[PDB]
Amino acid sequence: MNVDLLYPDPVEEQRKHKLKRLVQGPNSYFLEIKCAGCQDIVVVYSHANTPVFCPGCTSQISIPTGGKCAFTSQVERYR
Amino acid sequence: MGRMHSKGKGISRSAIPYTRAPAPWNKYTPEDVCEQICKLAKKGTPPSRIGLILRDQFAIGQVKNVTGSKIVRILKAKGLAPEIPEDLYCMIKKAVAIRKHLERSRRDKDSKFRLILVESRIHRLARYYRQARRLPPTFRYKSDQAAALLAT
Amino acid sequence: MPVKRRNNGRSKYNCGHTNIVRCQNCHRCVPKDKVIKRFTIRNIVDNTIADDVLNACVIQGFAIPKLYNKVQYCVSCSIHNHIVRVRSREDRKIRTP
Amino acid sequence: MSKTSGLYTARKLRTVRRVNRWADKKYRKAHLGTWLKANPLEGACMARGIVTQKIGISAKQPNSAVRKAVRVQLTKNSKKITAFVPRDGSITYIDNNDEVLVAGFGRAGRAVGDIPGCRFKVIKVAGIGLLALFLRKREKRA
Amino acid sequence: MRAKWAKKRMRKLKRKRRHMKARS
Amino acid sequence: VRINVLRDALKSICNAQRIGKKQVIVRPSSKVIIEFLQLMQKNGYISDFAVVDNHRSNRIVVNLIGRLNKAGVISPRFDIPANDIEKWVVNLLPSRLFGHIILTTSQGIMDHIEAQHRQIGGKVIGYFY
RNA sequence: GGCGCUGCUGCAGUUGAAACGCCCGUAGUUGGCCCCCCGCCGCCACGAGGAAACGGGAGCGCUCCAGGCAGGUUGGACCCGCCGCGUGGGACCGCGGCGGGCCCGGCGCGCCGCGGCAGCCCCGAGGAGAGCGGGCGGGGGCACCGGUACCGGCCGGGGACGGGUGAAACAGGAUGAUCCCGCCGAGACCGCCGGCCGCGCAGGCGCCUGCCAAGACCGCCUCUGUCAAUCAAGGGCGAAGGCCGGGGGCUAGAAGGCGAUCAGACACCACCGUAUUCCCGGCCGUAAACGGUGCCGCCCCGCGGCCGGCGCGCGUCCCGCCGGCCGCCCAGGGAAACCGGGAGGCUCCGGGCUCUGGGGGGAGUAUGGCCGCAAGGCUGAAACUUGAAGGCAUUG
Ligand SMILES: [K+]
Ligand SMILES: [K+]
Ligand SMILES: [K+]
Ligand SMILES: [K+]
Ligand SMILES: [K+]
Ligand SMILES: [K+]
Ligand SMILES: [K+]
Ligand SMILES: [K+]
Ligand SMILES: [K+]
Ligand SMILES: [K+]
Ligand SMILES: [K+]
Ligand SMILES: [K+]
Ligand SMILES: [K+]
Ligand SMILES: [K+]
Ligand SMILES: [K+]
Ligand SMILES: [K+]
Ligand SMILES: [K+]
Ligand SMILES: [K+]
Ligand SMILES: [K+]
Ligand SMILES: [K+]
Ligand SMILES: [K+]
Ligand SMILES: [K+]
Ligand SMILES: [K+]
Ligand SMILES: [K+]
Ligand SMILES: [K+]
Ligand SMILES: [K+]
Ligand SMILES: [K+]
Ligand SMILES: [K+]
Ligand SMILES: [K+]
Ligand SMILES: [K+]
Ligand SMILES: [K+]
Ligand SMILES: [K+]
Ligand SMILES: [K+]
Ligand SMILES: [K+]
Ligand SMILES: [K+]
Ligand SMILES: [K+]
Ligand SMILES: [K+]
Ligand SMILES: [K+]
Ligand SMILES: [K+]
Ligand SMILES: [K+]
Ligand SMILES: [K+]
Ligand SMILES: [K+]
Ligand SMILES: [K+]
Ligand SMILES: [K+]
Ligand SMILES: [K+]
Ligand SMILES: [K+]
Ligand SMILES: [K+]
Ligand SMILES: [K+]
Ligand SMILES: [K+]
Ligand SMILES: [K+]
Ligand SMILES: [K+]
Ligand SMILES: [K+]
Ligand SMILES: [K+]
Ligand SMILES: [K+]
Ligand SMILES: [K+]
Ligand SMILES: [K+]
Ligand SMILES: [K+]
Ligand SMILES: [K+]
Ligand SMILES: [K+]
Ligand SMILES: [K+]
Ligand SMILES: [K+]
Ligand SMILES: [K+]
Ligand SMILES: [K+]
Ligand SMILES: [K+]
Ligand SMILES: [K+]
Ligand SMILES: [K+]
Ligand SMILES: [K+]
Ligand SMILES: [K+]
Ligand SMILES: [K+]
Ligand SMILES: [K+]
Ligand SMILES: [K+]
Ligand SMILES: [K+]
Ligand SMILES: [K+]
Ligand SMILES: [K+]
Ligand SMILES: [K+]
Ligand SMILES: [K+]
Ligand SMILES: [K+]
Ligand SMILES: [K+]
Ligand SMILES: [K+]
Ligand SMILES: [K+]
Ligand SMILES: [K+]
Ligand SMILES: [K+]
Ligand SMILES: [K+]
Ligand SMILES: [K+]
Ligand SMILES: [K+]
Ligand SMILES: [K+]
Ligand SMILES: [K+]
Ligand SMILES: [K+]
Ligand SMILES: [K+]
Ligand SMILES: [K+]
Ligand SMILES: [K+]
Ligand SMILES: [K+]
Ligand SMILES: [K+]
Ligand SMILES: [K+]
Ligand SMILES: [K+]
Ligand SMILES: [K+]
Ligand SMILES: [K+]
Ligand SMILES: [K+]
Ligand SMILES: [K+]
Ligand SMILES: [K+]
Ligand SMILES: [K+]
Ligand SMILES: [K+]
Ligand SMILES: [K+]
Ligand SMILES: [K+]
Ligand SMILES: [K+]
Ligand SMILES: [K+]
Ligand SMILES: [K+]
Ligand SMILES: [K+]
Ligand SMILES: [K+]
Ligand SMILES: [K+]
Ligand SMILES: [K+]
Ligand SMILES: [K+]
Ligand SMILES: [K+]
Ligand SMILES: [K+]
Ligand SMILES: [K+]
Ligand SMILES: [K+]
Ligand SMILES: [K+]
Ligand SMILES: [K+]
Ligand SMILES: [K+]
Ligand SMILES: [K+]
Ligand SMILES: [K+]
Ligand SMILES: [K+]
Ligand SMILES: [K+]
Ligand SMILES: [Mg+2]
Ligand SMILES: [Mg+2]
Ligand SMILES: [Mg+2]
Ligand SMILES: [Mg+2]
Ligand SMILES: [Mg+2]
Ligand SMILES: [Mg+2]
Ligand SMILES: [Mg+2]
Ligand SMILES: [Mg+2]
Ligand SMILES: [Mg+2]
Ligand SMILES: [Mg+2]
Ligand SMILES: [Mg+2]
Ligand SMILES: [Mg+2]
Ligand SMILES: [Mg+2]
Ligand SMILES: [Mg+2]
Ligand SMILES: [Mg+2]
Ligand SMILES: [Mg+2]
Ligand SMILES: [Mg+2]
Ligand SMILES: [Mg+2]
Ligand SMILES: [Mg+2]
Ligand SMILES: [Mg+2]
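Chains as they are written, first to last, in the entry's author numbering: chain b, 44 to 122; chain N, 1 to 152; chain a, 1 to 97; chain X, 1 to 142; chain n, 1 to 24; chain W, 2 to 130.
Hints were generated in silico from the structure; no laboratory data involved. All C-beta atoms, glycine included, are put in the ideal place defined by N, C-alpha and C. Treat each hint with caution, since some may be false.
Quick list of simulated restraints, FRET-style, between CB atoms [as the list claims (entries may be wrong)]:
1. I84(b) - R106(N): 55 to 63 Å
2. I84(b) - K93(N): 37 to 45 Å
3. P22(N) - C100(b): 22 to 30 Å
4. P97(a) - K14(n): 34 to 42 Å
5. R95(a) - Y18(N): 49 to 57 Å
6. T138(N) - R15(n): 54 to 62 Å
7. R17(X) - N19(a): 49 to 57 Å
8. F114(b) - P24(N): 19 to 27 Å
9. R130(N) - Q117(W): 50 to 58 Å
10. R124(N) - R15(n): 44 to 52 Å
Using the sequences and the hints, build the whole thing.
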């Protein structure tokens, strides 16, 4: 069926390599998480591999994993 | 990359956003991220790691979008840029490490091969920096003297 | 002498050199990925006496032990003793056992 | 591209051609200078000499014959050659001291046909053209 | 001849020539 | 490394049409490639194209209508006096009546007919027919 | 000239002759994209200036003609030297604090911050280098360490042959062998698992435990800003055999010895055995060092397998992406065999760089030079000879 290369479907464009898209763009994004014991909320990179702490805690709350990073006992969002 | 001194052919790299503007949640002004950059440089953090720390803790994707300059340029503006650029410094460090390993092991030919490759890369980059007026015209990499210049 | 096989007569993929084995018939040196290889499982006593050993056994519930042997021959010995045959040009492409 | 390109490579393109020109046997034979040295005629169309002997030469494998020839000493460089006498019955005009004008067989110094080691041929004997001697137009003294 | 043995023969010849030319 | 972006663009376009495709993407773009496609368009050999920006060397999307027998570049860009044009016409072109040799001159990029209409020379960059 | 068999236009290098064993690397050649409307090159056009004859070429009946410049107011017009000089263009190809007033015809030279200017950073390559995180692998070096087996020695047992071959003979045995079991010594080796597995620049890479430095890939909204490609000279590594000096010494085993066979057997087969095979420090620099296929970059119908990393989906799977190793194959290519991740996009011929070949012999020889302890290696002719040699494929 008739696809136009100048206006590709975004869904089948997201499954391609970030560089061979029509207009190259990042794959990562930021997101908000909530401390399990503090009311407040902090903004965290999705592919972090460096220490990330609480405003209060002295325990690091992120685990680097070679791709998207995981977190210890916290509950997240997307903004 | 991984292609000047091997048969690699890998393409792993980062691709930055098309739109060149602060973040929607960006509270920071240039004068207050320059503060964090300079505090991190005084502490001894190399310029490639400063960007990592600002990305991972302060939620800043690109420093250029929030200030208008680049990290090494801001360091240079506040007189806190290094004497030697970071990449040449790292290559000299690796050369010193391999030589110190070879002092105990004279039968390791693989390490001698890689030492040759590293030092060739060092000379080429030193020539680039020299003709660009980012280094004294008398700069020269010397294998014997390279261990004690790392302290300075 | 044009090229006869796409594998050049051996199974060597992405390496320079492989190990040496000795032919079990004539003892020549063959590279490991070229030698003809067969695995055999058989009974230590021939089947033609496999029930007379069994009936003359004192141990209740005995089971005849087996032998596990990997035979490896060179090209010449394999053709001579009929482990492999010379095949037609079309048939040479067949990998079925 | 298996050949160098580029707007500033004229020197290389000329050096390559100068070097590979010598790989051709024709060019090397005509330009080196060793064939001019070794040539019995010294790069000339013909040459005169005196007959030193009369000889018969076997033919090559599929043929069977006895070809007639003469050993000749060259006047101008004192070299030894052998020259063929064509045209039935012509070996009878060649005394053992007969100035002969001698030319080539063609093929510029290669043997022709079935005569082993023959590259020259007699065209004139003691002043008189051998072909006209065969065709019975002129005759020798006695 | 098999070319390997022709090469062997030629090497022996060249070594004989070197030895004979060594005298004088 | 990459040296002649126009050569790769023209090879890609010829491949895509030989398959029987409607569109083709060529990257990177450049001023010279846009001039070459503009001349090809004005002669009628291709349809619309579009240069898409990526704060880098851009892409181009080319629409194809099956009229291109062949297109190529001449490397290096030899210079041509006004009187040698025809000694090139009977070299690259299938006839003296259709086809185009593209020159760059101090009066812009143009085909050979206009180059002998203004009786000037220049440097050859490519051809299509 | 034929001859695209000298190839700039325009040859060939899997197998016909021909890709250096491999990596680094200077000279050289080549180098993505972007600002237009300045300067300096190149380049295109038009001029000026300098020789005619020759070569083109306007006009003319030496009766024609090769000619000549004639002729009946006439005529011998014009064009053709050049990397220099002048005028114009400016696509393509490179290379590159200002104003005002002191001050005054201009230019320099300094002098005042005088208040006039938006004062003085393209971008961030499906180029490259550097980084951080994550796994990955017979990649490398040093030390240590287990296992049976081959060989040798010792205790006990028992009592006639054992070994070896296609068949035998020489070796061994009543000084008790061969065979069975326990104990000891030494030096090699690393099985089955072990692969259309994996790693390394190639040569190559597999016992236990510890230490040491490295590497490609993937992931990334990390850093720099063209720092690149290929490479004479030059540097480094490089199977096995071989050499120099030390050590060690099980096995196998060039040389040598011996039993058969045979017309002969100085060989194939049997038996014994020196160098060698193993370690350390050097030398040598070659292999069918093979994918007989140089390196970097682009496009390219499809269907599968395996290896490493990552992401989405349901409830281990499943669908993708990048990188690697393989099989089949439409088109296209080709002398064909076949290739097809190229050997495709090529007589419709031009992306960049380096090397090699030009009928068969003579000959990789002679000679000279450099290197090597030597054995060699690298470089490398000519006289002369010859009508074919060779590739892939068909029938017998
Ligand atoms: K993709
Ligand atoms: K991606
Ligand atoms: K991702
Ligand atoms: K490389
Ligand atoms: K790779
Ligand atoms: K790649
Ligand atoms: K070294
Ligand atoms: K070194
Ligand atoms: K270097
Ligand atoms: K080096
Ligand atoms: K350099
Ligand atoms: K250098
Ligand atoms: K420093
Ligand atoms: K053949
Ligand atoms: K084979
Ligand atoms: K393998
Ligand atoms: K293997
Ligand atoms: K097999
Ligand atoms: K065999
Ligand atoms: K070629
Ligand atoms: K060629
Ligand atoms: K070349
Ligand atoms: K150029
Ligand atoms: K050539
Ligand atoms: K050979
Ligand atoms: K040989
Ligand atoms: K040999
Ligand atoms: K010719
Ligand atoms: K010609
Ligand atoms: K021609
Ligand atoms: K070719
Ligand atoms: K072959
Ligand atoms: K040859
Ligand atoms: K050859
Ligand atoms: K050959
Ligand atoms: K090569
Ligand atoms: K070479
Ligand atoms: K090299
Ligand atoms: K290199
Ligand atoms: K280089
Ligand atoms: K260079
Ligand atoms: K240069
Ligand atoms: K060149
Ligand atoms: K250049
Ligand atoms: K290049
Ligand atoms: K010009
Ligand atoms: K022009
Ligand atoms: K004159
Ligand atoms: K007049
Ligand atoms: K000039
Ligand atoms: K001018
Ligand atoms: K001018
Ligand atoms: K004045
Ligand atoms: K690992
Ligand atoms: K692996
Ligand atoms: K391993
Ligand atoms: K390992
Ligand atoms: K290892
Ligand atoms: K080791
Ligand atoms: K080890
Ligand atoms: K043991
Ligand atoms: K042991
Ligand atoms: K007996
Ligand atoms: K052993
Ligand atoms: K394993
Ligand atoms: K495996
Ligand atoms: K395994
Ligand atoms: K492995
Ligand atoms: K593996
Ligand atoms: K693996
Ligand atoms: K493995
Ligand atoms: K493995
Ligand atoms: K990551
Ligand atoms: K470079
Ligand atoms: K290049
Ligand atoms: K190289
Ligand atoms: K070299
Ligand atoms: K060299
Ligand atoms: K070596
Ligand atoms: K060796
Ligand atoms: K030896
Ligand atoms: K031994
Ligand atoms: K030993
Ligand atoms: K030996
Ligand atoms: K013997
Ligand atoms: K013999
Ligand atoms: K024999
Ligand atoms: K023995
Ligand atoms: K020896
Ligand atoms: K020994
Ligand atoms: K050995
Ligand atoms: K040994
Ligand atoms: K060696
Ligand atoms: K060879
Ligand atoms: K091979
Ligand atoms: K090469
Ligand atoms: K897998
Ligand atoms: K996998
Ligand atoms: K792997
Ligand atoms: K995996
Ligand atoms: K995987
Ligand atoms: K996978
Ligand atoms: K892929
Ligand atoms: K891939
Ligand atoms: K893949
Ligand atoms: K592959
Ligand atoms: K080369
Ligand atoms: K070559
Ligand atoms: K060669
Ligand atoms: K050669
Ligand atoms: K000599
Ligand atoms: K010497
Ligand atoms: K000596
Ligand atoms: K010696
Ligand atoms: K010597
Ligand atoms: K010598
Ligand atoms: K020599
Ligand atoms: K043939
Ligand atoms: K041949
Ligand atoms: K042959
Ligand atoms: K052959
Ligand atoms: K055929
Ligand atoms: K044929
Ligand atoms: Mg990705
Ligand atoms: Mg390179
Ligand atoms: Mg790439
Ligand atoms: Mg990535
Ligand atoms: Mg020609
Ligand atoms: Mg490993
Ligand atoms: Mg070396
Ligand atoms: Mg060495
Ligand atoms: Mg032994
Ligand atoms: Mg022995
Ligand atoms: Mg060789
Ligand atoms: Mg080879
Ligand atoms: Mg080779
Ligand atoms: Mg595989
Ligand atoms: Mg494989
Ligand atoms: Mg494959
Ligand atoms: Mg050549
Ligand atoms: Mg010599
Ligand atoms: Mg010499
Ligand atoms: Mg045929």
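Hint by hint, here is what the structure shows:
Under the hint 55 to 63 Å, the C-beta atoms of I84(b) and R106(N), about 59 Å apart, fit the expected range. Separated by about 40 Å at the C-beta atoms, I84(b) and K93(N) satisfy the suggested range of 37 to 45 Å. Between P22(N) and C100(b) the C-beta distance comes to about 29 Å, which sits within the given range of 22 to 30 Å. A C-beta distance of roughly 56 Å is found between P97(a) and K14(n), which places it outside the suggested range of 34 to 42 Å.
Between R95(a) and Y18(N), the C-beta spacing of about 52 Å keeps the proposed range 49 to 57 Å intact. Look at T138(N) against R15(n): about 57 Å separates their beta carbons, and that is inside 54 to 62 Å. For the hinted restraint 49 to 57 Å between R17(X) and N19(a), the CB-CB distance of approximately 52 Å keeps it satisfied. Between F114(b) and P24(N) the C-beta distance comes to about 23 Å, which sits within the given range of 19 to 27 Å.
Between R130(N) and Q117(W) the Cβ separation comes to about 52 Å, which falls inside the hinted range of 50 to 58 Å. Checking the proposed 44 to 52 Å range against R124(N) and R15(n) shows it holds: the Cβ atoms sit about 49 Å from each other.
Of the numbered hints stated above, the single one contradicted by the structure is hint 4.
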